[PDB]
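This document opens with one chain alone, in structure tokens, the form solved without the named molecule.
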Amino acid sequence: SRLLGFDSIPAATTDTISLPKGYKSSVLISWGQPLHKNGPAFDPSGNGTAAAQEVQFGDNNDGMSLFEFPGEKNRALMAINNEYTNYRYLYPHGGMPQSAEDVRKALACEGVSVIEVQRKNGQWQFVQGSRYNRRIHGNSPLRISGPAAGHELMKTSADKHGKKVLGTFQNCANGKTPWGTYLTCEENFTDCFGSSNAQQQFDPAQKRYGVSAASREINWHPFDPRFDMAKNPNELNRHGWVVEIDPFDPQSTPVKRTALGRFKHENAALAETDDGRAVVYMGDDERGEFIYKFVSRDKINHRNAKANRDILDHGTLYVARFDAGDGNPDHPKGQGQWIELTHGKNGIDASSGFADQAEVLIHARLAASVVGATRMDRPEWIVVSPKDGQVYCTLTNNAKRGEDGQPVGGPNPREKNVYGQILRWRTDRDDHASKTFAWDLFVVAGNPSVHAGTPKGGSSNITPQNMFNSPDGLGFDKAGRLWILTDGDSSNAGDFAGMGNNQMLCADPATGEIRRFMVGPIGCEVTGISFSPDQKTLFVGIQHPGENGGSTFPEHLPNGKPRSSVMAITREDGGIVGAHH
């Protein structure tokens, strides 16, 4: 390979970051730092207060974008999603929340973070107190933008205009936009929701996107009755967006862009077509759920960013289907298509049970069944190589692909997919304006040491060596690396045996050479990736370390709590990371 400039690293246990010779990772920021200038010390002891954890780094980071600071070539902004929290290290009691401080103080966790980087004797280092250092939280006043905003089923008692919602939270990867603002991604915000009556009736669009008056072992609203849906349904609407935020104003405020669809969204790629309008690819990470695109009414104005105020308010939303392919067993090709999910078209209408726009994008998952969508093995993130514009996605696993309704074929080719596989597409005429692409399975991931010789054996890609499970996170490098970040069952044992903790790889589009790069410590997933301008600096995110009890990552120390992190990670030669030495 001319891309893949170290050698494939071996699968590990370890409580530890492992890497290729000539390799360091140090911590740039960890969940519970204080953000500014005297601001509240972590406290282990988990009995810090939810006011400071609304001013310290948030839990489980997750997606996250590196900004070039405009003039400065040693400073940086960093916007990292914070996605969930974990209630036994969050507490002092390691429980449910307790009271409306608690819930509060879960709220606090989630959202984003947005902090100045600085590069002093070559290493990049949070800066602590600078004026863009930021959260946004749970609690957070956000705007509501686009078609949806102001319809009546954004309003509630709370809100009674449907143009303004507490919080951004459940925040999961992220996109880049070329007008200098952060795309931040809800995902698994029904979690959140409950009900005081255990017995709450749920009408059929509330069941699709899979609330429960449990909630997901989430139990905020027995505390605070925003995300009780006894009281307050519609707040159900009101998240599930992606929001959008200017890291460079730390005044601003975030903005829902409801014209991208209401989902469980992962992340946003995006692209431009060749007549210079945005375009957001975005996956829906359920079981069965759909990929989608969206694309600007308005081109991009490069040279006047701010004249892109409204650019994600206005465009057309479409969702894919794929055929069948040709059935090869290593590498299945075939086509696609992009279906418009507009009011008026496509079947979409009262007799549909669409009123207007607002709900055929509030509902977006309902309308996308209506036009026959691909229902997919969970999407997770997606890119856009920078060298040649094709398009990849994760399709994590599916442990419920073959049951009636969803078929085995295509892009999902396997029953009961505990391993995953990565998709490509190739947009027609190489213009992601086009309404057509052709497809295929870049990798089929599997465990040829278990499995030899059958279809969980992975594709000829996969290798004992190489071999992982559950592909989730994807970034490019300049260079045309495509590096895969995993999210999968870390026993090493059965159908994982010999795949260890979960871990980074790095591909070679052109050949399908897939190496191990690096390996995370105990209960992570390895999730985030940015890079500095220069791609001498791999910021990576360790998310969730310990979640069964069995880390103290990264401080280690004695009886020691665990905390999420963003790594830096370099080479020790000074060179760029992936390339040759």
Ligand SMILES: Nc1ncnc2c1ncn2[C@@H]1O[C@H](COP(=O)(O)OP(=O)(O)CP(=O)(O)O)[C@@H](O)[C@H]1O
Given for the second form:
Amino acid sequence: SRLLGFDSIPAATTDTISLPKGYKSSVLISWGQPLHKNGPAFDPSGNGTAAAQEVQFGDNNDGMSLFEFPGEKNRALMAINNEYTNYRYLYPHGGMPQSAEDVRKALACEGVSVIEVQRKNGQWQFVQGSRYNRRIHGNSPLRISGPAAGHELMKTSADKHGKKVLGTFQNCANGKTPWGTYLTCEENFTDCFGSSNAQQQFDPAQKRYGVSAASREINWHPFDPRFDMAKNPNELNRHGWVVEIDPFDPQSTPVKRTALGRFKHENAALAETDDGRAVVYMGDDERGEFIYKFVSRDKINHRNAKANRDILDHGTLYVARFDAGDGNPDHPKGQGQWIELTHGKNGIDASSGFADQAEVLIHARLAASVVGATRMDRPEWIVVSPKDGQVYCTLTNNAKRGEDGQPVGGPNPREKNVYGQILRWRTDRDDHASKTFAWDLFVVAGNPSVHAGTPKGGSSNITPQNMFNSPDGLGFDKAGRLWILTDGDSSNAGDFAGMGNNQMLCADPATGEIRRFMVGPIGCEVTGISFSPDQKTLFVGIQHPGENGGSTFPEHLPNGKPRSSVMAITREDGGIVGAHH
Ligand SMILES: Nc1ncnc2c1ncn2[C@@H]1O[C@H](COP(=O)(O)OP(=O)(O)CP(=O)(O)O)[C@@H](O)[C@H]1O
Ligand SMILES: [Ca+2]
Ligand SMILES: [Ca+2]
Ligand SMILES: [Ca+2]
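Alternate state requested, the form solved in complex with the named molecule (shown: the form solved without the named molecule):
Everything in the complex follows now, all chains and molecules, and the chain you saw is the first one.
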């Protein structure tokens, strides 16, 4: 292969980072790192405070973007998401929150960490004390904008006007705008709400989003009533949005962009129409949910960044329908379309339960079902190829495929999907404004060693040497290599025998060839990806190392606490990551 310059490495089960020959890794930052001058040091005992966590690098680092510092090639900002927290390591008691202070500590773990990095002697390093360093957390005051801003369904007792919300949490993956802003995505936000009333009666919209009275083992609602649906039901509507952050302004207020819809947002892939308008592809990560696309009203003003302040507040939100395709078992392919989610069109009106456009966006999932969007196998990250504009999306898995309502077909070709697949689409005329597209499955993951010759053996570009499961993250480098990050079953047994720990692989889009590049430590998942502008440093996140107690990564101190870290991957020879030596 032209694009793949290294030799595929074996699967590993070790509590370390395994890379190919000539590559090295270094810790950039880890959960608990104080961001500010003379900031509180990380407390390994779990006795660190909530206020200290609001000024320290958050937990379970996930999606991230690197931003070129104008006029300074040896400086950059990185905006990094903090998705959730690991109670076993967060509290000394290692269990459920037991107080309001414990609840505040967990909300402090989530959100975004903006940091400055500098290049010293060729290596990028975290800059503690930088004026750009900032924590945006679960209690940070944010702004609401777009068509749903100020609506009755967005009003609460604490916020009577429906334009101010406390925080961003469950921050999964990201977007990087061409106008120098960061998009952070609220994914499993519903897990954080419960009800003091166990017999709480939830309405269709709330049930469709998956809220429960018990919460999903988070339990903030018994101590913080903002999360208690019996007391603040509409707080559920003020989360599950795409939030826009300016990393270059530490005194700016982030904005929830309600025109991009409300759902369990994984990431946001930027593109541009041939007439210059912003396009944002977006996945809703839940079994049988949809793939969306937002197109801005206005053209991107590339020459004046601040002229695009309100670009994501005006446009059209669409949802995907995929046809049955040709049924080819190794490489199925077909056509699809984008259906508009606008009040008054496609049977979206008072009769189907939408009084206005704000309701269409607050209840995007319900509006997408009305227009007949295709139910998918957990859409996770999306990426647009920088060389030809083809779009790639992971469908991580779907153990419910084949059950009543989720039939087997087109881009979801297997029942009880434990491995996943990567879906590709080419927009018509290579214009991102087109309402139709050709689709194909770039890869169908599987285990050819244990299920040779069957659908569970995967597509032909999966071999016993490169096999993996549950692809989640994706990233392109400038050369056009596709980097696949996994968040799967690390048992290394049964269906996953020979797969080992979670990994990162590299693929050639034109050939379909895939090669294992990295293996992560015990109990982690590999998520988050950014490159230095020169492509000589690949930054990757290691999330929840030792989630089931088998890790001391990265420090490996005696009886050590494992810490979610951001890693800097480089070549000893100083060359471009993934390229030939
Ligand atoms: N009690 C429950 N009821 C319903 N859905 C649940 C659930 N527990 C987890 N899920 C969902 O089932 C899927 C698989 O769970 P899991 O936590 O293993 O996935 P994940 O590790 O892929 C989360 P992420 O999307 O952040 O990577 C996810 O979409 C998760 O949100
Ligand atoms: Ca993910
Ligand atoms: Ca996942
Ligand atoms: Ca995960």
